[PDB]
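The chain below stands alone and is given in structure tokens; this is the form deposited in one PDB entry.
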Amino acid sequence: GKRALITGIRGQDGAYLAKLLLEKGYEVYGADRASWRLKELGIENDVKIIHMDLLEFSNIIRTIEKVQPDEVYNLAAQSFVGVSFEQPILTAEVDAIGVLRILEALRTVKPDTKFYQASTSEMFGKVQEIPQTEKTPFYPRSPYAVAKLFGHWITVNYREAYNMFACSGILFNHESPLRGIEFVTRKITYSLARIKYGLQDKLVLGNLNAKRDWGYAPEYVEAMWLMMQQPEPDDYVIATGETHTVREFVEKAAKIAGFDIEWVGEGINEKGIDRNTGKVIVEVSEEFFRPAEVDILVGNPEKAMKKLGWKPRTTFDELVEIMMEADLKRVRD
């Protein structure tokens, strides 16, 4: 029975990771500064919530002293790229300096602690190779990305300089029913469900050609745990290795939702018609439609599949189905 400490406990990954660790018999302490996610997973009463703020050092030190964890998963952050352009300094304090604060607190009070840093594919920014691996040169394109890159390297440096068990997971996009409404995958499934129940009329999106490497969040936090259970600390890219367009997602979700969508038109004037009603379910707005991105983010996780035995167990279709089902259920109630 080990003790794990999860920052960002209220988010998609913290929630699912909490679930996973509890099933493996851990005592789970969620760092926070009630959560609808822990509750939806039915574990809000088994997750021990304690205070901790990555913005200040002394409270982190004391939290480690009191909790004495075996494993610390830092999934906490200001993860919105957009916001980071407006609040770059605050973003840096949490996503960059905050990472160091924990490492320095573990170095100072409990050096035998395992540390996982939640890195992102956003660090590859203007991709230097396709697909991307642990050896692909980084090229951040937003304050958020630059702060994350800092967190990455500072985690590698503490591993090399103090021989601490510090891992860095360079994770690519991963969704789930607990995904924020702010995200395209959830927006699509949430919206479609509502439309099917008259609570909404049309699904308004951006470029339907945008491509992403989408995975199933539960399987991703599992890779986090896997990294942490190895004899030697290392960093891994975690992704599916394939990309899909926003159109494939809408299209497949609309299908599961019962619609018989049939695209027509192109560009900003694209539309999806439900051949079951004859009305337009989806349409593109200039408000969202942005320039087709030449840089393609898709990771090559063979290193993780190799050393960790990790591998996606959900196909893109299964993921789309899971999310659409969950949201068809949510809207009914």
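Residue numbers count along the first chain shown, from 1. Rigid core: the largest C-alpha set superposing within 1.5 Å between the two forms. Residues that one form lacks are left out of the comparison. First, how it differs from the form deposited in another entry.
Candidate set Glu287, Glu302, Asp46, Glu65; criterion, C-alpha shift of 2 Å or more between the two forms after rigid-core fit; matching residue, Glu287. Once both forms are fitted on their core, a CA shift of 2 Å or more is seen for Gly258 between the two forms. Relative to the superposed core, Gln87 undergoes a C-alpha shift smaller than 2 Å between the two forms. For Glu134, a C-alpha deviation below 2 angstroms is recorded between the two forms after rigid-core alignment. Taking a Cα shift of 2 Å or more after superposition on the rigid core as the cut-off, the stretches of three or more consecutive residues that move between the two forms are 187-210, 245-296.
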The other form holds:
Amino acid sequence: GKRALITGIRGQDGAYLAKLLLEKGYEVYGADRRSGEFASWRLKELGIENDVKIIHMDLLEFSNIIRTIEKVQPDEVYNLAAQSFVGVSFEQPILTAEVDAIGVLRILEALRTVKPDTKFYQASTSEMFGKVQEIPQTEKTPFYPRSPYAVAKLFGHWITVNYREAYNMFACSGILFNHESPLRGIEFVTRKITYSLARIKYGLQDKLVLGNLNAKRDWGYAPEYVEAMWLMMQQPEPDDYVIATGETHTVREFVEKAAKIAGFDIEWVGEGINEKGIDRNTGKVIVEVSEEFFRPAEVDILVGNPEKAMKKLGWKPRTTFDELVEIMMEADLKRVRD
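Switching from the form deposited in one PDB entry: structure of the form deposited in another entry?
Nothing else is written out below except the one chain.
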């Protein structure tokens, strides 16, 4: 059937998207920087590791990209590959830009000269809003990036927009708010929390060390968000969509709710760098704060309004935040048991 090429195929979103596209009767081709016996762990969990054709394509290598497009002749390209860690982007800003900004343009150029009727999805992000200029944020909210990651992703957004407008290419920018699942990488706050709490329960770790507990995020369920990616690519005309839950919670709340499911009754004492999460049952400190996990420039709050995606795509979130936290904690408890 339709051929899809998914960059970042072995990431959270690449895996769920591949599963969805396989169900829709696609041939799925994927490129990723993750190699080795455990790289396809996410595809293995979904039972699709035999059904995806992995090819070598690096966002930094224009000629490799050109060849890949020439060889695959994709009907749809989902650019999900990125250096996606915000904290690391301050340490490696140039590499971050080359992958997250210029790599988008390398794909667009390869498509323009090799197969211009190809549909293109760019994995944009609520991180682009940074120091939010409106609350809630919509497609019309002015951007204010606060990390090299966010600045590079903003280039990726605007270059996608420009190829759509200037070349009449079918190019969509998905402005997705934080979305999570049991496949979320442990580098990220939500999975860091559940993975750590599970290990703390089974005595494999002493404490959970975090940065900014006051940070507020709109957190959704990734399987639903990749559905949104597919849906916008099926519209007769290309456009950009905010995909979000419309609901915001602190990192603190995530920890409390997760920890409850893990059997800890958290109380907070102290303030700022000195704040601690204590299991009320035992008086033990479970959660601590370290300046190491704070970003040089922080993003205090994100909350999206996905009204446009409801009206044009019929997309709406289904999984509640409380459901999300359970899903994640339960999966990680099981993992640490096994």
